[PDB]
Amino acid sequence: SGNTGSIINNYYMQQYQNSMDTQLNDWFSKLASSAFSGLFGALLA
Amino acid sequence: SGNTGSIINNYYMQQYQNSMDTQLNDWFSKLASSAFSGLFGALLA
Amino acid sequence: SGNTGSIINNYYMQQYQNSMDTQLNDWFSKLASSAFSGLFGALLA
Amino acid sequence: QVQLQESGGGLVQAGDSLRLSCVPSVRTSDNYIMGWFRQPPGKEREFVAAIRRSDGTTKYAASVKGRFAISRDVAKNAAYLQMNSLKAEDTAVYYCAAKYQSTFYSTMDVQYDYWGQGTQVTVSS
Amino acid sequence: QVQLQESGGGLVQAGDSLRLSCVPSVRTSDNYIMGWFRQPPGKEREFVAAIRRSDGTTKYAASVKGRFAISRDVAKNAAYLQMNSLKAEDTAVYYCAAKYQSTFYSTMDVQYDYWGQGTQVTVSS
Amino acid sequence: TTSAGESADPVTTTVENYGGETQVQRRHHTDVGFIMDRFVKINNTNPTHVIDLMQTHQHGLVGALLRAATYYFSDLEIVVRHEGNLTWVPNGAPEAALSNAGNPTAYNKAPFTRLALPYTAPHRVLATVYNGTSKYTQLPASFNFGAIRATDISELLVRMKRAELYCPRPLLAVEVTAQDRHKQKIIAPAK
Amino acid sequence: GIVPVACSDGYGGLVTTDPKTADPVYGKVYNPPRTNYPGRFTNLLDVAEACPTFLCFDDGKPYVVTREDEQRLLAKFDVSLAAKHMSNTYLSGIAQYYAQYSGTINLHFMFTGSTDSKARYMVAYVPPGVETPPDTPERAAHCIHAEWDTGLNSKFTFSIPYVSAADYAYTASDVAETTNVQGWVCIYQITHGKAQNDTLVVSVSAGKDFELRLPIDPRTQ
Amino acid sequence: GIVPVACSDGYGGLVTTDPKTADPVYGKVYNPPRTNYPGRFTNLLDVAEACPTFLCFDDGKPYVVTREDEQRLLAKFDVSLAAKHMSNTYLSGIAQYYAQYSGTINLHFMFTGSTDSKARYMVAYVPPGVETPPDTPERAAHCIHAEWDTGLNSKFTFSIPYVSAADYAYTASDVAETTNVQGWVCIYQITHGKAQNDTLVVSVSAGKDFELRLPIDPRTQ
Amino acid sequence: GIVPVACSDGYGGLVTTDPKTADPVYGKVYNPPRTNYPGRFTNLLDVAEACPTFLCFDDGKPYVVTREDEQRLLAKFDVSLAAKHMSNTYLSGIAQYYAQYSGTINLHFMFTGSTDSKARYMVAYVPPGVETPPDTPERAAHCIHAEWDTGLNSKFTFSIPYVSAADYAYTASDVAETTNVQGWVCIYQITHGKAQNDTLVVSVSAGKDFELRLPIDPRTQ
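Here the protein sequences come in this chain order: D, D', D'', E, E', A, C, C' and C''. A prime marks a further copy of an entry chain. Going letter by letter, the first sequence gives residues 15 to 38, 65 to 85 in the entry's author numbering. Going letter by letter, the second sequence gives residues 15 to 38, 65 to 85 in the entry's author numbering. Going letter by letter, the third sequence gives residues 15 to 38, 65 to 85 in the entry's author numbering. Sequential numbering of the fourth sequence, starting at 1, is according to the entry's author numbering. Sequential numbering of the fifth sequence, starting at 1, is according to the entry's author numbering. Going letter by letter, the sixth sequence gives residues 1 to 136, 156 to 210 in the entry's author numbering. Sequential numbering of the seventh sequence, starting at 1, is according to the entry's author numbering. Sequential numbering of the eighth sequence, starting at 1, is according to the entry's author numbering. Sequential numbering of the ninth sequence, starting at 1, is according to the entry's author numbering.
Just so you know, the hints here were simulated from the structure itself, not pulled from any lab data. Cβ coordinates follow ideal geometry from the N, Cα and C atoms, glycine included. Be aware that one or more of the hints could be misleading.
[What the hints assert, rightly or not] Calculated Cβ distances over 12 Å to all of chain A for the following chain C' residues:
1. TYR11
2. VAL15
3. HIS142
4. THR191
5. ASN197
[Claimed, not checked] Here are the simulated SDA-like cross-link-like pairs (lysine to any residue), alpha carbons at most 25 Å apart as the crow flies:
6. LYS76/C with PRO33/C
7. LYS208/C' with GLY16/D'
8. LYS28/C with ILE22/D''
9. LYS28/C' with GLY102/A
10. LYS28/C' with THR178/C
11. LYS208/C' with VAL24/A
12. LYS20/C with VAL3/C''
13. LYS61/C' with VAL24/A
14. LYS210/A with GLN1/E'
15. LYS20/C with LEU38/D''
16. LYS20/C'' with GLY19/D
17. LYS118/C' with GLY19/A
18. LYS84/C with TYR97/C
19. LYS76/C' with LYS109/A
20. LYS208/C' with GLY102/A
21. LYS194/C with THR115/C
22. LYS135/A with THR178/C
23. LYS135/A with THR115/C
24. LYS70/D'' with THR178/C
25. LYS87/E' with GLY118/E
26. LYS109/A with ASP9/C''
27. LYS118/C' with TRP148/C'
28. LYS70/D with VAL3/C''
29. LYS20/C' with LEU38/D'
Could you build all of it, start to finish, from the sequences and the hints given here?
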């Protein structure tokens with residue numbers, strides 16, 4: 015769902031508009073969310 | 015239902031889009073599904 | 015309803031597409073259905 | 001697509017009459033306009049007379065208005081150019097033509113589609 | 001887009017025969033019309049004979065109607081103009097052409113798209 | 001697996017016979033109704049053409065896959081590129097019916113004409129081969164879908180709708196002359 | 001914005017038999033009432049069933065005359081709506097505008113001789129497979145047939161079966177190819193007593209399961 | 001007023017494989033019934049499974065003959081639907097009209113020697129990675145193989161595995177580049193007793209998970 | 001009749017970024033499975049956060065060296081994704097394809113001197129409003145800054161604030177007009193003991209609320 019802006023459903027079936035993925065995980069999202077913040081050691085504000 | 019990819023119903027009735035079959065059995069599907077597999081005799085795995 | 019093959023209703027009202035009949065009986069259908077069949081006299085099959 | 005078969009050409013002398021005919025090869029259900037073009041010796045082709053297939057709407061040239069007459073046979077799918085009271089200037093090569101694409105009177109002598117090989121008409125004096 | 005390769009030109013004398021060929025560079029699935037234009041010495045280009053790719057519908061010029069013959073090879077994707085019984089007037093520069101855009105018979109000799117460099121045919125007497 | 005060969009029963013061994021694993025398959029592209037539903041060319045058109053499917057090229061996709069069946073049934077779609085009007089008469093019509101506008105006649109629009117025709121043959125199925133004759156190498160004259168007519172027709176395309184095939188026949192591939200396999204050029208980017 | 005569409009190619013042109021309508025220009029028009037108007041037919045085959053019309057034998061007569069001869073073959077005609085005998089019929093006049101047909105075809109035989117004149121007739125259906133039809137009732141007795149004599153009831157109806165290979169038949173014979181695709185119908189004169197110039201009128205109507213299939217427009221116009 | 005639309009550009013033209021229909025011109029047509037018509041196939045791979053067809057070895061024979069020699073290599077062919085041995089097959093005739101494939105390919109070996117003639121055969125799958133195939137069963141015993149002798153049951157089916165890097169393979173070998181992308185299949189003659197001119201017939205059919213993927217139309221027309 | 005429409009003018013033409021789709025021509029295609037394929041990124045700013053890349057100081061080095069001089073200004077660069085120091089960064093390589101930005105920009109300082117070498121550094125953010133940046137830490141102590149010495153932990157991250165008048169800033173400096181629209185960043189060397197040739201490596205990554213706004217395509221092609 016990127017760069018499509020019509021509210022109405024498609025006229026053609028999903029089987030014909032694009033291919034179908036089969037089966038048998066965002067790394068950098070988790071790698072950025074698991075970043076360190078805050079401080080290290082003690083703080084004297 | 016082969017090679018038709020629109021979800022919306024047809025604008026014309028079924029009586030006019032194509033002819034109508036009347037009445038009064066896939067052979068090779070059953071002939072392939074009834075094929076022999078496995079082994080013959082004994083097995084020593 | 016002869017030789018019209020669209021399923022969707024008409025865009026124009028019935029008052030404008032064709033004229034309107036007013037009031038104030066198929067003869068040959070009944071004349072053919074009331075035809076004689078069978079036999080005449082006795083039968084020895 | 002369509003080929004045109006012409007008939008009736010030949011040689012006459014001044015004062016006589018000739019009859020040209022043309023029948024197309026296929027009998028499709030179109031509104032074609034059978035016409036007649038002539039090419040005088042050492043001059044360029046020019047329009048003579050046309051007729052519509054549906055009705056008998058006939059066009060003519062200023063040269064041949066009272067003399068020539070064109071007609072059509074609905075049954076045999078033919079067209080005839082009855083040439084009358086020929087002049088010595090009427091010597092030319094006469095071509096038929098079809099003009100299937102549009103059948104309006106205003107354009108009835110400008111753009112034809114199938115010609116068919118011309119006949120030879122050489123009137124003497 | 002498409003380039004045309006011509007073959008078979010040369011020099012003959014009156015009464016002999018020549019065979020011109022032309023093969024296009026790409027084999028796209030179109031209905032193109034291979035034709036032949038000739039340009040006599042000191043005169044302008046003119047149509048000779050064309051052929052459709054689908055069927056063997058052939059057009060011709062009034063000059064060369066019974067003599068010349070055009071054909072097409074579905075397998076090798078070629079076209080051949082078999083010139084017969086040449087006249088001393090047949091000396092010219094012969095060009096092929098493509099006409100991909102429309103393939104109707106009525107317009108089969110008016111507007112071609114790709115020409116390809118012409119061959120030289122100079123018949124003697 | 002070992003079996004009696006002369007009995008002609010079908011036998012399908014697996015890779016499980018030596019530890020393997022049969023994988024899941026999808027055969028949507030070799031469906032009969034799917035593969036026959038594409039427009040294919042008819043390269044011999046006339047001012048008058050009788051629509052016979054055995055006039056498709058014998059080595060095309062649909063042409064060859066149709067020669068690989070004894071019988072068939074189908075509706076039809078045609079794409080005609082014509083001059084003037086296009087008349088269609090059904091199966092069995094006189095040839096003189098093609099000059100009248102009571103029959104389906106299409107007044108030509110700009111690019112071409114795209115119609116849908118039913119199946120009008122008097123038989124339950126049509127055939128690609130016939131062993132014998134039909135009067136009192157050549158199929159019966161009733162093996163067609165009708166006829167079309169225009170002043171000249173430039174191209175004709177046909178498409179089989181609701182196709183059904185029966186009794187398969189041999190389907191051949193191009194022959195290998197002396198190689199170990201038939202090698203040909205395959206599309207690959209430039210540079 | 002607004003709804004985008006794709007103006008498809010190949011679609012749009014006028015077909016003279018298309019199933020769609022035109023757009024009106026003159027609203028609110030009422031017709032004069034025609035309630036219970038007599039003599040309406042909504043099917044051509046209803047009229048073709050209820051109303052039989054005459055056949056056309058030699059000299060253009062609707063009847064065959066008994067013969068003072070050794071020949072017992074009154075008339076013979078192909079099972080074809082394009083036959084020479086059916087050229088003047090309503091069934092044939094309708095069937096000329098269709099491609100195919102199937103079903104029964106009824107023949108009616110009305111005897112118009114005097115009271116003191118008797119006769120016995122026979123009609124046989126000769127399906128295709130022989131080169132020439134039979135000309136003796138003794139030899140045509142092996143087909144499907146029926147016999148009948150003359151008496152109080154002066155009419156007789158015989159029903160020609162639809163027997164063929166295909167489910168439908170063409171209503172037009174193709175070319176000068178001989179041996180009609182369907183059979184023949186042969187009328188015989190088994191015997192007659194004091195019937196020298198008495199006639200037998202023949203007419204044809206459609207059967208119970210008769211049917212015409214694909215409309216065409218074949219006449220030169 | 002009326003609904004406004006945007007006639008989009010790029011949309012509308014005819015594609016010869018598009019998934020939409022045309023508009024009809026001839027209504028109310030009924031077909032003759034074909035209920036329970038025999039011999040229908042709705043998938044090409046069903047026929048390709050149930051019906052195996054022969055291979056074509058040297059001299060154009062469907063079989064390999066035992067050899068009175070020191071050579072124990074009967075035949076060898078690439079795992080390719082475009083191989084010289086599969087040129088006359090139905091599997092190959094179908095596979096020529098597709099771009100890619102995947103799955104099993106079954107080989108059948110029918111022995112047609114007399115009763116007093118014995119033999120023992122071997123078939124090995126030689127995946128790619130060697131430049132030349134092995135020509136000794138002792139050296140090809142390290143691949144995937146199977147052995148079998150002759151007896152009451154005269155047929156033997158061996159199933160070629162689909163082993164490769166990509167999930168699909170091309171059904172056409174690209175160019176004069178050597179060393180077929182998939183392996184080879186090598187048939188060996190382990191031993192034989194009194195089998196001088198006896199043959200072994202080979203044929204091929206599709207496996208349980210065989211599949212063809214992208215329809216094309218590649219032949220010169 | 002049929003539905004009437006108004007083919008509007010101005011609508012229909014192709015825009016290269018329009019939000020509508022095309023119509024398909026090749027149905028029923030299945031891809032090979034790529035479940036749990038490693039190393040996927042769905043946002044460029046995720047990679048820009050997690051992976052910092054080096055700055056480019058004089059002589060094209062990712063680091064500044066302590067100086068045996070009276071000058072305590074190691075390096076100074078404009079707060080601009082188009083600066084000379086950020087020319088080789090991933091943040092800048094991404095930001096070149098957008099019109100505007102807003103949010104935090106993090107700087108990382110890694111000390112790579114020996115154990116027997118100490119130092120104390122300082123970084124200050126000098127917002128716009130002065131003509132020339134300060135060159136003394138005593139004078140740049142009045143901006144927003146931070147100090148840090150060397151020890152066990154060899155990295156230090158300082159976060160440049162987004163302080164301006166407008167809610168967004170251009171990611172490209174307009175013309176030879178001087179005095180960068182945003183401030184400068186000045187790195188100082190407060191003191192050092194026995195650190196003669198030891199270096200301090202600098203790199204930059206995106207902050208927690210960094211953002212790029214309007215996609216463009218500005219490079220000469």
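Hints versus structure:
The Cβ of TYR11/C' sits about 14 Å from the closest Cβ of chain A, beyond the 12 Å cut-off, so the non-interface label holds. With a least CB separation of 9 Å from chain A, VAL15/C' falls inside the 12 Å interface cut-off, contrary to its annotation. For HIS142/C', the condition that its CB be more than 12 Å from all CB atoms of chain A holds, with the nearest at approximately 14 Å. Under the 12 Å C-beta cut-off, the non-interface status given to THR191/C' relative to chain A holds; the minimum distance is some 18 Å.
At the 12 Å boundary, the C-beta of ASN197/C' stays outside the reach of chain A, the nearest C-beta of that chain being 19 Å off. About 50 Å separates the Cα atoms of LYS76/C and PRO33/C, which puts this hinted pair outside 25 Å; it is violated. For the given pair, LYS208/C' sits about 23 Å from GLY16/D' by alpha-carbon distance, which is consistent with the 25 Å threshold. At roughly 23 Å between alpha-carbon atoms, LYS28/C and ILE22/D'' fall within 25 Å of each other, so this suggested pair holds.
Taking the CA atoms of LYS28/C' and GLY102/A, the gap is near 17 Å; set against the 25 Å cutoff, the hint holds. Between the alpha carbons of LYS28/C' and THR178/C the distance comes to roughly 34 Å, so the proposed pair goes past 25 Å and is violated. Distance check on the hinted pair: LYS208/C' and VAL24/A sit about 9 Å apart at the alpha-carbon level, within 25 Å; holds. For the hint pairing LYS20/C with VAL3/C'', the CA-to-CA distance comes to about 12 Å; that is within 25 Å, so the pair holds.
Using a Cα cut-off of 25 Å, the hinted pair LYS61/C' and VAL24/A is violated, with the two alpha carbons roughly 35 Å apart. Taking the CA atoms of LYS210/A and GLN1/E', the gap is near 19 Å; set against the 25 Å cutoff, the hint holds. A C-alpha spacing of about 32 Å is found between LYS20/C and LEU38/D'', which places the hinted pair above 25 Å, so the restraint is violated. For the hint linking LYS20/C'' to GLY19/D, the alpha-carbon distance of about 7 Å falls within 25 Å, and the restraint holds.
A distance of roughly 29 Å separates the Cα atoms of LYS118/C' and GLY19/A; the hinted pair therefore is violated under the 25 Å criterion. For the given pair, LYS84/C sits about 17 Å from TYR97/C by alpha-carbon distance, which is consistent with the 25 Å threshold. Restraint check for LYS76/C' and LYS109/A: the C-alpha separation of about 59 Å exceeds 25 Å, so the hint is violated. For the hint pairing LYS208/C' with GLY102/A, the CA-to-CA distance comes to about 55 Å; that exceeds 25 Å, so the pair is violated.
Between the alpha carbons of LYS194/C and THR115/C the distance comes to roughly 10 Å, so the proposed pair stays at or under 25 Å and holds. For the hint linking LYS135/A to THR178/C, the alpha-carbon distance of about 9 Å falls within 25 Å, and the restraint holds. Under the criterion of a C-alpha separation no larger than 25 Å, the hint pairing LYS135/A with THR115/C is inconsistent with the structure, at around 48 Å. Proposed proximity of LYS70/D'' and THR178/C is contradicted: the alpha carbons are some 41 Å apart, above 25 Å.
Note on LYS87/E' and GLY118/E: the hinted pairing holds, with a Cα-Cα distance of about 23 Å set against a maximum of 25 Å. Straight-line distance between C-alpha atoms of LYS109/A and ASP9/C'' comes to about 23 Å, which keeps the hinted pair within the 25 Å bound. Our distance criterion of 25 Å between C-alpha atoms is met by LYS118/C' and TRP148/C', whose separation comes to about 11 Å. Of the supplied pair hints, the one linking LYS70/D and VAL3/C'' is violated, its CA atoms being roughly 53 Å apart against a limit of 25 Å.
Between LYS20/C' and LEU38/D' the alpha-carbon distance is near 32 Å, which puts this suggested pair outside the 25 Å criterion.
Checked against the numbered hints above, the structure violates hints 2, 6, 10, 13, 15, 17, 19, 20, 23, 24, 28 and 29; every other hint is satisfied.
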